[PDB]
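S.K.: So the chains spell out like this:
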Amino acid sequence: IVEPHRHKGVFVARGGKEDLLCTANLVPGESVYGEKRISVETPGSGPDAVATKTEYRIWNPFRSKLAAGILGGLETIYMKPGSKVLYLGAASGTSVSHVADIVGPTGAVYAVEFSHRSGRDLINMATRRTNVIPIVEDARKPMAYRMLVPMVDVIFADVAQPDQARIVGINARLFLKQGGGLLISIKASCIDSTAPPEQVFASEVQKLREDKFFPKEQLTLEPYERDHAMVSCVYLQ
Amino acid sequence: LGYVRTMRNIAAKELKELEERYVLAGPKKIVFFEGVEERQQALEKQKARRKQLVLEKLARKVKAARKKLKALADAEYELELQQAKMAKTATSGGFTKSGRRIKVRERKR
Amino acid sequence: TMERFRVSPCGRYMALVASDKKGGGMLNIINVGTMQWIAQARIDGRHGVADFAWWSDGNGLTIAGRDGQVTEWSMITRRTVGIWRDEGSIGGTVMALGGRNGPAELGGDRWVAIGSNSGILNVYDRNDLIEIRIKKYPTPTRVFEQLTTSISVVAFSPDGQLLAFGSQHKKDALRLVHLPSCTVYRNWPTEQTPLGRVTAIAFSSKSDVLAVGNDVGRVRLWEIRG
Amino acid sequence: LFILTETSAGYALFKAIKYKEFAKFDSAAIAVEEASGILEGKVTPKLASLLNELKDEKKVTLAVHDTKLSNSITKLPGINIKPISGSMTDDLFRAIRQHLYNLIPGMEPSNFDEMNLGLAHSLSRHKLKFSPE
Amino acid sequence: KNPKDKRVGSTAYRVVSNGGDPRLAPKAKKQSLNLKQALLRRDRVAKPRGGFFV
Amino acid sequence: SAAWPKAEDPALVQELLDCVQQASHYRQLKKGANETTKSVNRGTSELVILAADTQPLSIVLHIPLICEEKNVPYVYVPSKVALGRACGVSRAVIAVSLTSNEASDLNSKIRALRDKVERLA
Amino acid sequence: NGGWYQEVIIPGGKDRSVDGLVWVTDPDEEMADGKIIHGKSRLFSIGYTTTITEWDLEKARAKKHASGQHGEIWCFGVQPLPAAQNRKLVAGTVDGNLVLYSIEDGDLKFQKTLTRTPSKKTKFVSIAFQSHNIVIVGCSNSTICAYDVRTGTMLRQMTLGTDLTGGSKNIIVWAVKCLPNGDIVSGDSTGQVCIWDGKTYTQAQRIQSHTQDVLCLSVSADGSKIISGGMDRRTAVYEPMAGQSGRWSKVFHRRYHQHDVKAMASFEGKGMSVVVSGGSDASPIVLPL
RNA sequence: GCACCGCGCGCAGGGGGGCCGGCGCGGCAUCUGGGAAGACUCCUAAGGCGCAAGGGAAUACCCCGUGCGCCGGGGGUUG
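Residue numbers (our numbering), protein chains in the order written: chain A, 1 to 237; chain B, 1 to 109; chain C, 1 to 226; chain D, 1 to 133; chain E, 1 to 54; chain F, 1 to 121; chain G, 1 to 289.
Hints are computed from structural coordinates only; laboratory data are not their basis.
Take the hints with a grain of salt, since some may be wrong.
Here's a subset of chain A near chain F, in silico, CB distances under 10 angstroms, partners left out [stated by the list, open to error]:
id	residue
1	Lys53
2	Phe114
3	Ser189
4	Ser193
5	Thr194
6	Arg226
Think about it this way: if two alpha-carbon atoms lie no more than 20 angstroms apart in a straight line, the pair counts; the simulated SDA-like pairs of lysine to any residue are [stated by the list, open to error]:
id	chain 1	residue 1	chain 2	residue 2
7	D	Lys58	D	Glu21
8	A	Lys212	E	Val15
9	B	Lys45	B	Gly35
10	B	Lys108	F	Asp18
11	C	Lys171	C	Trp188
12	B	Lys51	A	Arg14
13	C	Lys170	B	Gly35
14	F	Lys6	A	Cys190
Label pairs and their calculated CB-CB ranges [as the list claims (entries may be wrong)]:
id	chain 1	residue 1	chain 2	residue 2	range
15	B	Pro27	A	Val2	31 to 37 angstroms
16	A	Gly179	G	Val286	54 to 60 angstroms
17	A	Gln199	D	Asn102	35 to 41 angstroms
18	G	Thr165	B	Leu1	21 to 27 angstroms
19	G	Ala60	A	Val234	35 to 41 angstroms
20	A	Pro196	E	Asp43	27 to 33 angstroms
21	G	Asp28	D	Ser85	58 to 64 angstroms
22	E	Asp43	A	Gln199	30 to 36 angstroms
23	A	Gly179	F	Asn101	51 to 57 angstroms
24	B	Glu17	A	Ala51	23 to 29 angstroms
25	A	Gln199	E	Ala38	21 to 27 angstroms
We put the CB at the ideal spot given by N, CA and C, even for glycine.
Please work from the sequences and hints to get the whole structure.
M.R.: In structure tokens, the structure reads:
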């Protein structure tokens, strides 16, 4: 049985031994990277009993940074269907499809990915879903896609660079709204592989806090990944 | 060795799927506040069997799959040591039945 | 210790490897006639100095350390002429240096032969080290991979035509190599040449006699005739 | 106070708080030439048709936030007014794009984001042929 | 200093703290300052300090 | 160039080749590009050392993709001939992959060595 | 000109120390009319923390702070002039990683990290630049590394032996500095002063000078005198030996202080060549150079 | 609440302190123990190891002299 979660645009599927996360497919009858999908109809078709309308793609937290946050106890995700999310580090169009299905057709996700092979698979994914726009540019240079990106509501950030807070800082000074949202995934073994991860994460939170965000919460992704944090914070409010 | 390698690949795929399903079944979170007043207000707001059976079942399945993979990995390592012990020239690797470790420092010319 | 040393060919100096490994080995250089310290040559390595050899004119010396770094260190300017690397050596064991008509500012010896702990002995023409600039990555004239255990002895002929290199850890592991052709002689040693486990070799002053002494304690002599 | 705004379609100028003038454009393959022309800072027909007045420089000012574009359009002698770089001009070029919903009834009473999407696809595939396959 | 965190058992609620260093200087790490001294006095011992005193 | 996790420090290169030689004597080593690819794809590989002296460098560039997909650490040493006679081969080995087991002093050395490789990255 | 007037004292707080001081002086800019704007000089410091502080001598307080995710900074220096407006600080630290900070247009921010040592137990204790792109760092594990700043690579790892005077086999290179002709002068844990060749990065001389460890060095502006200050409250003065080149020798030593000589710096201009040595007895001693 | 002719006791918990004594995590110039360890070193001996059969048992453990192999000692004149 499929219920919507506390987060709008996110659904869960419940059974006798399982509980899975899923999203509402914007292109029905199509899968992207080999993901299981469930067909459910709205009730009122007992004599037919055919699952016709709603197609739901199962969101995998072992391949998604954001889906590991939602099953971890993320209180808000700052995005609703019809918002504007800038995705920094869109690795081959895995999670950005689920984010596009969250924001719906009146929302638009702006994917940014410097690496060329993931850019190839990202554009070959992004041809179908029209609510994403892909940008193959270095995320450390925001004035190269300042023409292409309008003001957004949420910044998601999963980039494996040591100046991750600096990339977030320049992209938020050029694109995030007043009182915006930031969901950043921090990698301790990318930033400093010798210090304690608590100290690495505290230094990154302090860098955002001096970078004029307001850290609301931080939670670890540790039934799913190893030494990864998710900082959920607001911008100027 | 080829048979043990194929069975180990199958068993490793089963362990990965079962561990993913066990995690999906079942100082972690930190919330920041500006002050002791807001922390205490959020503390006021905080003041205001089926799963056990199926999770014990998946846990027993996970432990049996880990035992199977560890057994096949030990078998593949023992067969690689058998190859080293039966090589056409003097190759290091493995212990003798007396316990002394075989190590030849010659190079393969 | 005073165990490992080399007297210069001119007889004026003598270099002793100082027993201080610590990621780089030094060797103290002593005037022979008065037995007093006159210099010190320090190279960087991992376990120190594998071997070294005086140049043929008698001024400088070439110090081959372990982990592949080989260092030409002059006596006139009393600092390092240059550093190069043996090709792919995971650690050097022995070195020898011989011939004539080499480079004039590197001692005038033509060939350098460096044997590593795997069993491979590289022979470099020392006119290929000059790019005074030394090439940091020269290529060998010939890489000998005939012996399988670590090269324990290496010795050039005093007229620079032969090169005998041998490993101690195998019974009858000694090879004899022509120069400048760098070809291993195939007719000697045979299966029944009583070398033993070769511990030291020595060519004669006119290079007519090769002496080979093994771990049992028996010297045997071979006339060289061409 | 001439400001120079560049969207995916056209330009706007807010000299006298409220908007003063604009320049609109749509749906061509010379839009990617405009895009490369501001990737460097070269001569641009939309730029020149914007900055071409007939009187004189009347006060030497043109607020453009990237210093590269500023000192590349400094060298053009077609109008000889000299621009200014981004003197931490965050407030201007952030507030105009956040409050750009006020601008939309002015120059292009429409939603022009489909050519923004098309230019994004064109530039990204241009760089994917720059890394050819 | 900083108020210590309060754990409900699952989550940890903590006050942010950066009110220590306004514009003055950052406070020296006592663990690093004692390390550079321990490189300076390796095995050596102090001489007896003063004069005639208990 | 394309060899961006390069091991340039000679102390770290000597540590890598000494651990390669110890694993080679333990028969815990997979030599060659094809055998390295098989160990990384099967997932038995603990660490993987490529060589940067490969004359077409693009014949070992597929292994960084599989290591990025399987989360194993890869590192580049300078000389393939040094890697070859570190394994004890008498050929030039361009990629080697050293595996793990239950309990070893070698496994402790592997954990410390991949910590040093993560310090390089 | 020999007056030595103490002008301003800016005190730090409690539990706050100052370990390193670096002035950053721009070259002489020229106006449109031939007048000379001299270089604006900015003062940077470290305080045994992860933070480089920039001091505002106009307001008599600290101006800026910069910090990256790394260990405590133990030594730092400003890159010398060959670029013109783009000068950068290089800072060694406890856990190894040579962090590199950017200073341009009134800014001090953590730009990146050049490299870090393989061994986590390598602590960077002193740093000095040979040229615009070559940084010479001393370490605690008996090494003097010579990194190259642009690509972040490593030219050569100079090494030093054990100390055979006591225990504690690792020698510690407390102070490196660079001669104008290219050589590197380094005082270390044995009280030695080593002269390292500039082109080859090998040692050319070991001068046993002090009994306890040499804590600070100073090099004359024309490259003619070396001053070494140790922990045996000893100051030694070296001039080159006549004849052979690159050979230094101790002219004379004298105990000027009453405790160890932890820091000294030289100056040579407007008819005044001094070297000021401050130690642990709080008395800055000015020697004529 | 107990004693309204009293201190104190049973209990909820708000904050800070002696930062006294343990625990955890981190670095630690050296020192102590272990493993690994250089190939001149040790490699158990003039013999040993492995694989596959065969025979016997304290029947979980092991021992012994058939067929293939891998080394080693000794002896050993350009085969």
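S.K.: Hint by hint, say whether it matches the structure.
M.R.: Here's how the hints hold up against the structure:
1. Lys53: Violated. Min distance 36 angstroms.
2. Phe114: For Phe114 (chain A), the interface hint is violated, since the closest Cβ of chain F sits about 14 angstroms away, which is over 10 angstroms.
3. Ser189: With Cβ-Cβ at 6 angstroms, under 10 angstroms, it holds.
4. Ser193: Since chain F brings a Cβ to about 4 angstroms from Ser193 (chain A), closer than 10 angstroms, the hint holds.
5. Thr194: holds (7 angstroms)
6. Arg226: holds (9 angstroms)
7. D:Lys58 / D:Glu21: holds (17 angstroms)
8. A:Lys212 / E:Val15: holds (17 angstroms)
9. B:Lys45 / B:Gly35: Within the cut-off at roughly 16 angstroms; holds.
10. B:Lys108 / F:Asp18: Status holds; Cα separation ~18 angstroms.
11. C:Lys171 / C:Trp188: holds (15 angstroms)
12. B:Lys51 / A:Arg14: Given that 20 angstroms is the threshold and the Cα spacing comes to 12 angstroms, the pair holds.
13. C:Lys170 / B:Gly35: violated (77 angstroms)
14. F:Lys6 / A:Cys190: holds (16 angstroms)
15. B:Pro27 / A:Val2: 31 to 37 angstroms: Hint holds: Cβ distance 34 angstroms, inside 31 to 37 angstroms.
16. A:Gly179 / G:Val286: 54 to 60 angstroms: Given about 59 angstroms between the Cβ atoms, the range holds.
17. A:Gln199 / D:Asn102: 35 to 41 angstroms: violated (46 angstroms)
18. G:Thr165 / B:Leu1: 21 to 27 angstroms: The hint (21 to 27 angstroms, Cβ to Cβ) is violated, given that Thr165 (chain G) and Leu1 (chain B) are roughly 59 angstroms apart.
19. G:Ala60 / A:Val234: 35 to 41 angstroms: holds (37 angstroms)
20. A:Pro196 / E:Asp43: 27 to 33 angstroms: With a Cβ separation near 31 angstroms, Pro196 (chain A) and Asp43 (chain E) satisfy 27 to 33 angstroms, so the hint holds.
21. G:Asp28 / D:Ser85: 58 to 64 angstroms: With a Cβ separation near 25 angstroms, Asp28 (chain G) and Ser85 (chain D) fall outside 58 to 64 angstroms, so the hint is violated.
22. E:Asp43 / A:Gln199: 30 to 36 angstroms: With Cβ atoms ~32 angstroms apart, the hint holds.
23. A:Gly179 / F:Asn101: 51 to 57 angstroms: holds (54 angstroms)
24. B:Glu17 / A:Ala51: 23 to 29 angstroms: Holds: the Cβ-Cβ distance is about 25 angstroms, inside 23 to 29 angstroms.
25. A:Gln199 / E:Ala38: 21 to 27 angstroms: At 22 angstroms between Cβs, range holds.
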